[PDB]
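Okay, here we've got a single chain as structure tokens, the form deposited without the ligand, with questions on binding and movement later.
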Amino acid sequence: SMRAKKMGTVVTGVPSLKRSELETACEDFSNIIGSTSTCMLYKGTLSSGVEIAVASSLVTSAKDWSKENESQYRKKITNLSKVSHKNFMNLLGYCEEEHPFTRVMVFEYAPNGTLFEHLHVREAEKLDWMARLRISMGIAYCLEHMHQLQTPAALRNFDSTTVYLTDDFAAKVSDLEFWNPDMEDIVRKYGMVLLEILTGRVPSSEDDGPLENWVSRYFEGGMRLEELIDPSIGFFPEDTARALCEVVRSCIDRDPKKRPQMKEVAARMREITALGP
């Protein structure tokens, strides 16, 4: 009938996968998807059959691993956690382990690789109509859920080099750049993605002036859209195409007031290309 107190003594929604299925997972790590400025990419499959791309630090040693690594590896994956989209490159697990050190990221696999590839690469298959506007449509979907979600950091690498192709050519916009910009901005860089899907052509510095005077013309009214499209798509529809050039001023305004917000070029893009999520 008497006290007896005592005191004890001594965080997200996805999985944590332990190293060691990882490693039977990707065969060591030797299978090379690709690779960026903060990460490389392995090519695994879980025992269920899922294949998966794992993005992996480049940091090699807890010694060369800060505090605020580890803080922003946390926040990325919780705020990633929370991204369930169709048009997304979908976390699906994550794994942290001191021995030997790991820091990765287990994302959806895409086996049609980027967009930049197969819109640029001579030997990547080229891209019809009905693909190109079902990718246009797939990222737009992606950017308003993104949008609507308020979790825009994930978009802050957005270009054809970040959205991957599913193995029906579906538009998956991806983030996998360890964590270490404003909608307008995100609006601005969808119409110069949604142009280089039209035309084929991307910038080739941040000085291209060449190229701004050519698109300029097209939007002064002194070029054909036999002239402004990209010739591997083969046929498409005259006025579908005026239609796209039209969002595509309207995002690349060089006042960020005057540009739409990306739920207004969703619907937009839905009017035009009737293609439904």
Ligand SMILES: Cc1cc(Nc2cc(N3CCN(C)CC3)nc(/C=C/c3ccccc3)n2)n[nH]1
Given for the second form:
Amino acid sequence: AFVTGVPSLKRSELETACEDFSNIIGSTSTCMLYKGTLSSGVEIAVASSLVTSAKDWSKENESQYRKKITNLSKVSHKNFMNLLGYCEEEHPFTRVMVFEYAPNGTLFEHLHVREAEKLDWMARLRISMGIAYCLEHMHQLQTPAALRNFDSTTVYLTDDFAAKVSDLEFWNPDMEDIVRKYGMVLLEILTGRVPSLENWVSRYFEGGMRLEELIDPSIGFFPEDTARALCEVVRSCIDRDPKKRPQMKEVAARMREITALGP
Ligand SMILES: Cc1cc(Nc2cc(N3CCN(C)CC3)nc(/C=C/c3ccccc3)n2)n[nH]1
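Since the one above is the form deposited without the ligand, can you give the form solved in complex with the ligand too?
Starting with the chain above, the whole complex follows.
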């Protein structure tokens, strides 16, 4: 065991759950993702290193592995994609982390890829609020390392479209940097726009854009003054000077106020 709290799986266990690793959700810089189901019926996303022998794997690699598990085992939040387990094995070489499975995939997909169906206003506020609570909690745990890769492709959506912020990448940022990224992700949620943006939105901030220009047209109707308040949160978060940015606890506080949604 490398940690208290998080169970250490036999590879035999995980082979069962993931049908001999036969079902792939995705693939990233540092890991392959396999779909599984535990004998408890709990759906899982298994993140496996891209290293297949002890040779391609350093003691630096190993040290990073155990640090990540340590750090993530300390993070537990309803709006985080929580670590459920891990599996280290030498025969054959296995370095795995087991995460919660989010059936509605990424925020990015639901904002930009699905043409037929769009997230409504209230679902967008709920997602925005959830993200903010997650980041606030992480800043309280002093583990922003888990957020070095934060953007709409790393935020997942549950059955009921709650946000789960993820940290899937094997470990080979300021909280001020995370606050700005939160600003940009909130802006993306509001507008439906993604960096192929600051210049575009500066026109809104300059006073030369109506909210019906800024807000994602797929939304339909929306409360103007709510939208206004959310855009000020964006403006605060993305200030060019990191020192002028709100703390995440202040962001979460203001967001709670505007959305009227508790943690
Ligand atoms: C880590 C994790 C992912 C996850 N859920 C899901 C669900 C999902 N869906 C839902 C149903 N699918 C039929 C379509 C899209 N897609 C993904 C994609 C993951 C990925 C990540 C990086 C690169 C490439 C791909 N993750 N839960 N936990």
